[PDB]
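What follows is a set of notes on a single structure, which appears directly below.
The complex is shown incomplete by one protein chain, all other protein chains being positioned as in the whole.
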Amino acid sequence: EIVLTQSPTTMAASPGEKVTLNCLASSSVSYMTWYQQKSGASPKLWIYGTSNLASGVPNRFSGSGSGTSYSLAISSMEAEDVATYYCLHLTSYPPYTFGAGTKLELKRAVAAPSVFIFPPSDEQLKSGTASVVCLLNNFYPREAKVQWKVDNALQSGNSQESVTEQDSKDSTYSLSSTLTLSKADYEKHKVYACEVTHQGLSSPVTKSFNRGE
Amino acid sequence: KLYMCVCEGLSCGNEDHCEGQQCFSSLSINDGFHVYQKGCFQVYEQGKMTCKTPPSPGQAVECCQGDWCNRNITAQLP
Partner (left out) sequence: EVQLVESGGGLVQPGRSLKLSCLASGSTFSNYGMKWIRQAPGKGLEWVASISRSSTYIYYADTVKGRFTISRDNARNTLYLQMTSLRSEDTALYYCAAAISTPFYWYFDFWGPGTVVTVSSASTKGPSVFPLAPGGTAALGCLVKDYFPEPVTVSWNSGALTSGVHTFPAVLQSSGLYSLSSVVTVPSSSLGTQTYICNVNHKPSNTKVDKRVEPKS
């Protein structure tokens, strides 16, 4: 049974930079197949044989290798190249094994998040629960700090975060933080604050509202 | 005279090992599949006298001597 080790697990490159992704095999194999997978999308054939590009794949891409060591290469890193790249073994009796994958990211200029706060909708309130959403829109890099405050009291253990994958167009991230409270709890308080810390901001940004205003 | 060989495919039911004078790694394009095989060759008084196969469109065979020699060899079509 063939085991494929991909290296590195992640790497971030500036626009124009040259990239090499490695695929090491536990035994000697004949040829190597490569796939590109974008977020919420199916894996597309990228390189077949060892060095053959699929149709629609830019000449910017390259394949090479022999025996156990195999590599995918990019001559110039672009924004549309942002994806996870998988190598696949095909040249033996089953099983046909994939590598772990290398997530490829694009190094970008520092972009400050545009911050938005959302009170729980009236419908939601009626139903008996309250969710307060804070949006961090179009930022780079991913590392962001969101802190919830309710009447100046720092919130803990009652919020959940989710980050989108790097945008294929502008290479930015977005973040959503949701503070969940029981309706009663929500009613009990007035000021609902979302405090955002990020590199693109010289000092932290607070978006807030008063309940019933 | 007899080596231990890796056994994958049709001739190997349903063992992973094999014993022969030569080990082989086999490939043929069958029914839209690149089917691979590994096993043994043994000389009898008649029939196939050679492990090595005259190349044909769609098929390739490569043979070896030594214990588990077929493990790190796979037949590749030209």
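Going in written order, the chains are labelled A and B, and every chain counts its residues from 1.
FYI, contacts are C-beta pairs under 8 Å (C-beta built on N, C-alpha and C of every residue); 3 or more make two chains touch, one makes a residue touch a chain.
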Contact partner of the left-out chain, one of A:27, A:28 or A:52: A:52
Touch list for chain A against the chain that is not drawn: 31, 33, 35, 42-45, 48-49, 52, 54, 86, 88, 90, 94-101, 114, 116, 118-121, 123-124, 127, 131, 133, 135, 137, 160-164, 174, 176, 178, 180
Residue ranges of chain B at the interface with the undisplayed chain: 29-35, 57-58, 77-78
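Note that in this section only the chains that are shown with their structure count from here on.
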Rounded Å distance, chain A centre to chain B centre (Cα mean): 46
Chain B residues within the chain A interface of the complex: 8-9, 34, 36-38, 71-74, 76
Sites on chain A touched by chain B in the complex: 27-31, 90-93
